[PDB]
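A single protein chain has been omitted from the complex, and every remaining protein chain is retained in its original position.
Letters are used for the chains, namely A, B, C, D, E, F and G, taken in the order the chains are written, and counting of residues starts over at 1 for each.
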Amino acid sequence: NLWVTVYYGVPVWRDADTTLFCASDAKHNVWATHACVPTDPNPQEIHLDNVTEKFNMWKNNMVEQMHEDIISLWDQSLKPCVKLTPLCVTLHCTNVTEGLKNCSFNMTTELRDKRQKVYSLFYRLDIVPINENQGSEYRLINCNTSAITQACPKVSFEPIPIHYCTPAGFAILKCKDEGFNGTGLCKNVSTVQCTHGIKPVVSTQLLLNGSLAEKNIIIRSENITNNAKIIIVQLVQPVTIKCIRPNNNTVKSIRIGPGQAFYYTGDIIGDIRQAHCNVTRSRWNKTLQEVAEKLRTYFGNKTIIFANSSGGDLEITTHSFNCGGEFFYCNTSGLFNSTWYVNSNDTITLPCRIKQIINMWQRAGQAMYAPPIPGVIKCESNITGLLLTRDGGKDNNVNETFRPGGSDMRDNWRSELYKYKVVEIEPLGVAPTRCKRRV
Amino acid sequence: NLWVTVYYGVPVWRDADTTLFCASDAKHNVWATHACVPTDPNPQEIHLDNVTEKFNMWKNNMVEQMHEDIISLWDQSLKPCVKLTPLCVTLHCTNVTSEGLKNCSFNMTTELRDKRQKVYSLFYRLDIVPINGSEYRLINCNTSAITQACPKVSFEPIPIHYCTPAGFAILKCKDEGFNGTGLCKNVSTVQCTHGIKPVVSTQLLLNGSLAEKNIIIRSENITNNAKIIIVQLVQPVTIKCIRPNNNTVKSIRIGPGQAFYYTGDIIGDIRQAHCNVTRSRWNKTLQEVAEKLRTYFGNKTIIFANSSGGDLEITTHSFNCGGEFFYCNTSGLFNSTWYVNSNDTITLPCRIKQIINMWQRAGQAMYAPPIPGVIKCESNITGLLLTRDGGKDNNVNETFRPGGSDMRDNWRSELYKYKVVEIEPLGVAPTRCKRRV
Amino acid sequence: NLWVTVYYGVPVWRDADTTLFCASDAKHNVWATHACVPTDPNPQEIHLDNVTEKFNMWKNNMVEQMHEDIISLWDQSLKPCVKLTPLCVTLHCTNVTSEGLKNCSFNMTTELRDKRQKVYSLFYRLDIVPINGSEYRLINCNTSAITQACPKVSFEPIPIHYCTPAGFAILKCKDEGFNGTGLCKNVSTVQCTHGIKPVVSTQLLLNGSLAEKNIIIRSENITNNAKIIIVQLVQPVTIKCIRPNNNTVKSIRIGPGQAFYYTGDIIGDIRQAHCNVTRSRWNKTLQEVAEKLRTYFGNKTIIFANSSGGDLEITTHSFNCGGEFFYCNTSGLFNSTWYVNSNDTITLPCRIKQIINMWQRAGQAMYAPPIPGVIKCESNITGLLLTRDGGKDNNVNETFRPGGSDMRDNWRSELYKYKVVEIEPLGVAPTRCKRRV
Amino acid sequence: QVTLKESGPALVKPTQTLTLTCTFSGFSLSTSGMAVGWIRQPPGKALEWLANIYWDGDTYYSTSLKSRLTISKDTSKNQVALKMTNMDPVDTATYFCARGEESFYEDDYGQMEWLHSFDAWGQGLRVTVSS
Amino acid sequence: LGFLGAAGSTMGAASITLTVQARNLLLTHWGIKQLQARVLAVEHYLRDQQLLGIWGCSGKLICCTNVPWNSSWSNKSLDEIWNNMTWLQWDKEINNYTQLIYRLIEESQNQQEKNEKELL
Amino acid sequence: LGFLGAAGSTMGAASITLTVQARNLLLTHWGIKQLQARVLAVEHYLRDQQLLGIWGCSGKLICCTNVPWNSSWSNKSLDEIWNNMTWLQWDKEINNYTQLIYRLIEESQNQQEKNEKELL
Amino acid sequence: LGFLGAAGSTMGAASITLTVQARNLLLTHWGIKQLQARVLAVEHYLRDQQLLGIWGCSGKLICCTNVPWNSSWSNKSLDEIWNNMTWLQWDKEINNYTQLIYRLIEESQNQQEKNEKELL
Partner (left out) sequence: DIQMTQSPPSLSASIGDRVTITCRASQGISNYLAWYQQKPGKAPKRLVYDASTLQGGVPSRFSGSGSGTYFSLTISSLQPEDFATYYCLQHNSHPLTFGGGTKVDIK
């Protein structure tokens, strides 16, 4: 006969949710990675031979956990910064000496019983006329919904990488397969104590400074045939994109309240021009040709078309940025405008606008005010992914349109955490054999 | 010969307090059920045999911990959203054209600080105090900052299951007619307490548990007149309360965001707040309650008086049903005598009060927003907080008044059957055994 | 030959840093003594026989946590108190009717947030600065919001006990005349430090620990000229201070339940606060300190100077007793010179201050409420913080000056007899032992 | 019922100094906010503000008349007087004494002050400049 | 039986179900409360398990030792202890001397281990 | 091999590297998060360590019991368990009977200690 | 005697009093600080306890394995090691070899782990 026996420290795991903590190489950052445990310079990415694992990035709890942590870190970093509640006053504006508005208003100086007049330049997107009757009085946007909070000028929004590591007794399974579509039995799997440096870069309609595919365009989607589901595309090579803010801004500081400083834009040195981004037309042309070819595999012999968003709020209908403090809003209609078929000076300029009063989380409770950055600022990054949506309300016929989707910041990080999944190891295992305990 | 031997996993415990925590059934509730850990769908209640335990719900420390959690949860629900300190501006009021209401008007700042605005509102007389001569001040703005009760959350007393950390246990007494103290001979153990609704009522226990077969009286010292005498009914007494005033709701923005809500015009005839209770059902209850008191002590006439009097936060029955706090005058109930021998509801006038504290805390105050339209409410009266008046030596009759004046005793009527103990799974005893080398 | 053998419960340790937790001996104190865990019934110190190891008070992280912990407690005791943000209104000052006091008048909003109130108050010139010259402004108003400490909680240096979690222990050096960094004898271990009083002060340690049998001079580097030199006294040099101004406090409510206290009026003639010290005792005590100072380095030319100069917070002697904060001109003490050869009270003029930045924080400003009536106090001077500026060739002479420019070194003089270590009871050693199957 | 009553010399010689004074009964000018001012209207011309005095004694005058206008209040007898020098022929007009109002607010961040339009006006008196 | 279902039964009968007890031993307001609650549960279990570990009874429900019983602690008969009294009532009889018995068994184990160390 | 490096190997091959797997079990937002995560590991490790202790297998990677192998749990031959399948798929087979198997081990172990006490 | 009372005594005498040391091994600012301190205490206790558990010396104060001593670690005689040595001095002498020694007991423990498999 056979008897049951137990074995400790056995290799086996199960899918389960667990808390994750910060980890990063190494004060003045919004993510507060300096008050975090340092990362291990020897990642034990141990390869697991012959194991098969089922991964579903659309169901892991890490993406949702990261979303809450990023929001928590953002709110926490603003708690000690000065509040801009007093700015909600009548704003008398005039045209700049079209996109800017030279405004004058009374401000509460350090002495609470004294008010001082201040001249400032506010973008038209951050100003909304209080009385339509006269375009002279204006009220700051988001003033009738939440209190304005100014970002601390010392801290910066640089997306420094952060490694998400689980406590002891849990492991992160990494999928090494070249071309994991994001859901399936990853053939090439390895175990690592925790993920690599994840850069929390906030973006919309495009993935910046993200990971790149190995040698084939990866199109991942929980339901490629659905319309309400977002389609994430990953490029094999990076498409360099560079922008610039030609307005040579002159930042001026005036103290309001008991020693609390306020930063605003002063006079512009030289000519004033709209913000814009550049991208090689030749590189982007071949990129869409390859992307459309791969996407065509999910619909057979059909043509692919790209449109310029669906319309609505500026927060979701345009690309975003976190360049040195500023927050750009670029009109991507110059890129998602073309047609493709089965068979098939060099730069594209995207008009952009800058808005300081932002939220970047679709929340109506808190309002972010980005202080202006002095002098000309240039921004360069690599395009590694796109957030697409299948636009269709009729028969698929011979063509199908696609637009840069999104409307959910969770999809931004899903494109980077697709390679991982958290599991709980159960070192207890029972199996039978031909031995009996002595007595 | 007898050698000592240690036993592990011994079933023995000792009385001791611990760090209790919540548990509830599956952001918009003041008790924060979403944040609390979900409760087990099948709590494994184990019955015990031959065991007797000494219960003392008065000396119980978990009741005080629950009092802290309720207050802690209250602050955590008011603190996040809008505060109401800017409303300390002077008020100009006059009588309503259509007694208990005043058409108050005052100057206030709109969304933009540079611009002002003149508004009109209808505040209850209890929420307004004179300052002079038609000038008044908002009550409580000379003692604490007002915090408007955030309307996105509801004050519905959803039950919360109270659990204890692992290694401890809660003893649940199931003996019929078991008062607060005594040796329980039907003890049972359970990981967490059953669904307990934290009602904020005072002077009368609403929506609480009921007795098994007869009325039970609880008091650490019934002879002491300064000790509360909690009474529990066997059959509940339905009570219905309503405010016929339609009370339309309006809103104004005081500074950036902070959408303040205030009462508008009263649609229809104005009327006072009141409650209804069946005379026969309530009168019959006092007959048995008085009989129970007579059987315990003072085998003579028993009488009930209309409280002691004082502030409305102490000498009046209050409840939270309907979203607006009520302050009812229970003088119409405790107005009867009981000797040894022995459509039609009783009306109780009530007054609404928006500026409240509900915890006798003079450092904090909260403003309840108005509820549009008429509000319907019904509840089961399962207990009372009686306080026998002992200012004079009893001769032939005793005077009982619905006193209280303490919020801890309100919930003590529900946790009377619980006691937390720490498990001691290690013990020793003698045995004729010898461990070899 | 021999084989390995692992032991448990081994008495070994390593110099490591750990998180300390307070245990205030047995609500009304800034250090939150009522919140700390109860102190031990008695210090369970175990004497370490035959043990001798190195000590280092200038590198241990325990002193750093003491500074940070005290900082957190100070801020934690200020957050629930009233804030004086609306008090930044301009001030119109004039000379007092009866030189360092100014009769300032300003406007403030009463309890109602609509009406203004004109008041008159007395503010010390140190905390009042001009704007151009009849208009003035409060100091630190252009740096941070002024916060008022609750008048019912005092800043008395109540002792607190520092403790280590299980697995960590603090070694206690008990060598008479122990100077510091180096070998120590008569070591002892205890799970919690003795009652240490966080006596906040500058260039003068009040109510500190007296020397065992002789004057002790300690510093991480005596040869270093630009470093602090701490001295411990074996005898207590009693200091007596008093504020003869009969202050009469008055108050107003700047907001709902937000009372503000200020100096209403002074009865009699204004007299600057001062500190007394017996000339004979200080002269003799300071002479002994000079002798030990000469032993370490140099011969003769033991000269003391009147501070360095600059900000008042560092130049003067910080002192607090009864609620008020004092800043005295210590030039009367450190004014002498000696060689190998070798009424009755020294008075130190003092200027009271109300706006202070304890812990030298620009982001926070404290405002001590004025204490009514005459206030007098006494303390024991047990330690001095001295610095030298002998950068030039000290062949003929050099001098010393008071200061420190840091609060961390203040507690270092008290925690000099402690060191935290980590206990790793897992040890190994060879032995003729063989394991069986 | 509040009422204003102004008085002064009906005729004044040129280049001389004159004083006007108006009485009030409905207010005492000390109820934290009450103000009072003077306005003038030439024959057939538009109105013209002259000066305003508030409860706290604060005075405000017109930009063109700041060099020859003065306003004072006598709260002990409920009176407000205006003094004007350098009488010129164009100054002949009908002078009115009207009560104004002022309000304050304190939203923690900073003090806010608001003015109000005149509500009550006096009967008025005509001043003629003749040689 | 269930967890703690044999507390009121006789000691002899309760000794047959000791494993069930050991097995069952194991907006942010509730989060912090529950966090400290778990820490208290873990430290409480290790507190009693640590004592059992140093006494040489690690991983053993029933365990004997070399310390002899002292009549001063309790003069009750062996039969009356294991057949009439209950665990809850029996613990009250040794409310005193419980801390002293731990010292004798723990110190005996130290010297006993040393004897086996040299013998081995 | 490294930590958890023998998961894909067969049952017998995986039984040779259990020591490493057993050894590898041990501004303000990050601080509280790490504290909650660190205590979770301690609680998780104690959850499995406690069961191993009461089963008479404390400190033994390979431990034997006296509970016979009920065929209802699995009828597959020994060679298939120890030479063909792995732990990943084996756990899914006994997932339903894992809880019941633990109960029998406790009862059998408890009876063993009681029998040893009376025998001694 | 007391906690750490035999730290400075001779090496051999401190071995007979290790049980005492093993036994004694276990507003808003203090709440979080105390919670962190308590968790650290349990973590440090389990850290060292885990090593002894995996080495087969679970809950045993004194334990030896199949590791043959190496002259590189030390060359002192047995008499001076046990009769004329202090624990603190001995630890500093083999502080570098402490981690290296741990590897040897781990390797030797694996040898018994490998040998005990065929014994079944």
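Operating definition for what follows: contacts are C-beta pairs under 8 Å (C-beta built on N, C-alpha and C of every residue); 3 or more make two chains touch, one makes a residue touch a chain.
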item: Which of A:1, A:133, A:301 or A:344 contacts the chain that the document leaves out; value: A:133
item: Among B:114, B:291 or B:313, residue touching the chain not depicted; value: B:114
item: Residue ranges of chain D at the interface with the undisplayed chain; value: 37, 39, 45-49, 52, 60-63, 96, 114-119, 121-124
item: For chain A, the residues touching the chain missing from this view; value: 90, 92, 130-131, 133-134, 136-137
item: Residue numbers in chain B that touch the chain omitted from display; value: 114-115, 118
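Everything below uses one rule, namely that only the chains that are shown with their structure count from here on.
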item: Selected interface, A-F versus C-E, where C-beta contact pairs are more numerous; value: A-F
item: Between chain A and chain B, centroid-to-centroid distance (C-alpha), Å; value: 47
item: Length of the line joining the C-alpha centres of chain D and chain F, rounded to whole Å; value: 96
item: Multi-chain contact residues (two or more partners), chain G; value: 15, 18-20, 22-23, 25-26, 35-36, 38-39, 41-42, 45-46, 52, 55, 57-62, 64, 116, 120
item: Residue numbers of chain C (touch at least two other chains); value: 5, 9, 85-86, 89, 113-115, 431, 433-434
item: Chain E-facing residues of chain G, complex; value: 15-20, 22-23, 25-26, 31, 35, 38-39, 41-42, 45-46, 49, 58-62, 64
item: Touch list for chain B against partner chain E, complex; value: 1-13, 18-22, 27, 32, 34-37, 44, 46-52, 69, 72-73, 76, 80, 164-169, 189, 422-435, 437
item: Residues of chain E touching chain C in the complex; value: 54, 117, 120
